[PDB]
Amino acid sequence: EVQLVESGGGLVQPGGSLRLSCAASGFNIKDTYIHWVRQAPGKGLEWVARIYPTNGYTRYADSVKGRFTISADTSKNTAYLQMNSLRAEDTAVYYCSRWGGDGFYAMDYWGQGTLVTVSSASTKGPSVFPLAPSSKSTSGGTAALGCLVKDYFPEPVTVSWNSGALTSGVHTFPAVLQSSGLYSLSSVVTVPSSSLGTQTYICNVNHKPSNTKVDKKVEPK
């Protein structure tokens, strides 16, 4: 399938460490070059390091050198980033990408990205509180109800409405960081006034660091 699946990325206290891995599916890694690129939040793409699995020859961006180390286990068909002495600069999403076998030196395939958050502050799990679509929220008819992830750290939260059954007119708002330094967002979905008392409308918030999975339904009272 030519799939890259990242892992390792959580919260790290500054000076800390963190092992990132990239799973290889549907091709052998000895064949190509593997790369780690990070994208700081809001900022652009920055290359971090690469590796030829066959000989294990590796080059590294100077912004990390002597701190990060890139490695692979041809066995498992996997590549790793050991990141030591992290600074809040290093707070960023880390993608592994590949180089299209030989003489096609482009990044045809990339992982989903793993988020490293280089901060001392603790891992708060989220509150989930449903939304009331009263007589101040109907358009007469096609009306709106939702959820609200109230307090969490670090990013991110995977909200699923009716476990991905429900798609259309689902707006999940960027997280906004609170006076507290705790994240709050707001997940919403639009429905006709009559199907309030029809189907089960349940956003299933997941804060993955705090292994929390609260599945709160939205009632109209």
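By rigid core we mean the largest C-alpha set that fits within 1.5 Å across both forms. Only residues modelled in both forms are compared. Residue numbers count along the first chain shown, from 1. Compared with the form deposited in another entry:
Compared between these two forms on the core, the listed residues 119, 138, 77, 123 keep their C-alpha shifts below 2 Å, save 138. Listed alone, the one run of 3 or more residues present in both forms whose C-alphas shift by at least 2 angstroms between these two forms, with the core superposed, is 134 to 141.
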Contents of the next structure:
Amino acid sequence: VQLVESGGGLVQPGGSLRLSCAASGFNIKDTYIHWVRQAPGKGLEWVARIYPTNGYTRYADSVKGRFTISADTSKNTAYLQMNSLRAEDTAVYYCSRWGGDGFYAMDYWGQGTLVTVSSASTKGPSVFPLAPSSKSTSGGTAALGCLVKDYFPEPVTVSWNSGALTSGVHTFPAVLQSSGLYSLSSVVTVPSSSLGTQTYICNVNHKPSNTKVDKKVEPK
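Show the form deposited in another entry, please, because up to now only the form deposited in one PDB entry has appeared in this conversation.
Chain alone follows, minus partners and molecules.
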């Protein structure tokens, strides 16, 4: 079973957005579909639901009249038309499904899409290596990373040697610079025995600015 939220990003206060929930592996006719939302650092607030066969929806006070859930049975998809948007509705937006007819827990969820409600501009991150120390103890453990700096909005996804290097990887939560812009880092620790030999490349994705950097962090 899979549920894949699309069409979420940056949007002006007052402005519109239409979240897409793509099902596969089951017919959305045979169940209810929900849109649950997590504001930065807060808990899950349920927002709306729909029985795709009839299209009988239910919505939360905070969102009633303003947002509108619907379902295209053909593409196996659910939508959240979102309008009159504000700082309140800046959160992650999950799309989930009730089980069967008599088991009404929420067994499957999307990965979620961040909706940020600013009218600040999108901005693309620069990437800069964090290069392993010359000193290199003598042959124990070295660190190295990519700084990712001055992007808006969230989020940023960093991988390493394209998915091939996962152990020792610490992609820090981002920090908001007074400039109103974001910056994080990602670091990996690795056997100092291997700085020349092996190649370490960080892959930086910021979809908001369609950005793909593949920076090769060399010693110095």
